[PDB]
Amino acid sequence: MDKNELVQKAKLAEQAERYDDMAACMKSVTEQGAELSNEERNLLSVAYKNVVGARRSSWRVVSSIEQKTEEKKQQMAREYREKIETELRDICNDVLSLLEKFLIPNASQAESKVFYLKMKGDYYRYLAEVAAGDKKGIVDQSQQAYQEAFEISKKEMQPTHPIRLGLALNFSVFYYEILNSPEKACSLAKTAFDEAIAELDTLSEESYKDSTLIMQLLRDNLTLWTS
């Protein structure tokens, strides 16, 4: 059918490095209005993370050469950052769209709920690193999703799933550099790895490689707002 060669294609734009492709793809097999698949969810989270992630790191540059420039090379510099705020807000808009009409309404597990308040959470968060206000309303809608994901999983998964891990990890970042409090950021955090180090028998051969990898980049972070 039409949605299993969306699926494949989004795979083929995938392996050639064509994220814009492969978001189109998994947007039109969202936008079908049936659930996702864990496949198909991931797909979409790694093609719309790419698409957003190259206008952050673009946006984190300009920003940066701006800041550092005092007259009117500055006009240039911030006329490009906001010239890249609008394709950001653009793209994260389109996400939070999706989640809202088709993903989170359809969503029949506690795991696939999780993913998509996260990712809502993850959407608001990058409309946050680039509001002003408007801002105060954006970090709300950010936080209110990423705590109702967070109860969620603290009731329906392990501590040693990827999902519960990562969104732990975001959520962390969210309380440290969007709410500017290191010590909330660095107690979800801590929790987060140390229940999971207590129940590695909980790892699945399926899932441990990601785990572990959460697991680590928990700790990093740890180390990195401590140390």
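Under this definition, the rigid core comprises the largest set of C-alpha atoms superposing within 1.5 Å between the forms. Numbering follows the first chain given and starts at 1. What changes on going to the form deposited in another entry:
Once both forms are fitted on their rigid core, the CA atom of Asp194 lies 2 Å or more apart between these two forms.
With the core superposed, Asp210 shows a C-alpha displacement of at least 2 Å between these two forms. With the core held fixed, the Cα of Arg219 is displaced between these two forms by 2 Å or more.
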The other form holds:
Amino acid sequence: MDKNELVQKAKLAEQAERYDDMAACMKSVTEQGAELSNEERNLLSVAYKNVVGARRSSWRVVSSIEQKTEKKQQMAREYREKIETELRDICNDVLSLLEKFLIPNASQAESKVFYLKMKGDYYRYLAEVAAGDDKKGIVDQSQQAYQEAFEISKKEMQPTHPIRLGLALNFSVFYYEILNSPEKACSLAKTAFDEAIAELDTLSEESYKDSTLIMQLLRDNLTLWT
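Condition change, the form deposited in one PDB entry to the form deposited in another entry:
Only a single chain is listed, so you will not see partners or other molecules.
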């Protein structure tokens, strides 16, 4: 099927709020092997964010129920495990597209950082529901993806670039929430915040529309965290 046709179906599914249909369209587009346009990259990202987001939300609700309760406490646990399997399938789906197509084909630093951050993110979602033995290997794969994104963005992007900022934000959250290491989390977010404000003290105009709001997120975590 024509790529432009799949794309127009993705947009139709989006307007109808059928995000599984939307993801299936952009997955087929990705599998055609050509590098994604900016528009296509956004549609793919938005589709899977909603798909995986519904499961994460369900998982948090059912976990909270499971905690606040012996026959009912076990029914919840087996439901939670049903949700976890959907979630893992979605994450593995995305991570496979990233590995097989998106990351090796990315010919620009901006796209490459975007996809590596996305890899960090989806391994983080796997770590959110990982248990015991497997968790440490998941957590390491998330961190290595973020770190690789981080090194590229430091060399190739302005400190106020929204993707660089969004990376520092999510990577800092990972340190805090997943690695429980706010000393590393605070340091990274602080360094990222400080570099962005040094740039804005120099230039007269913000180069990107969303820079300052993401900078605010960084400082608020910096103030909330130590």
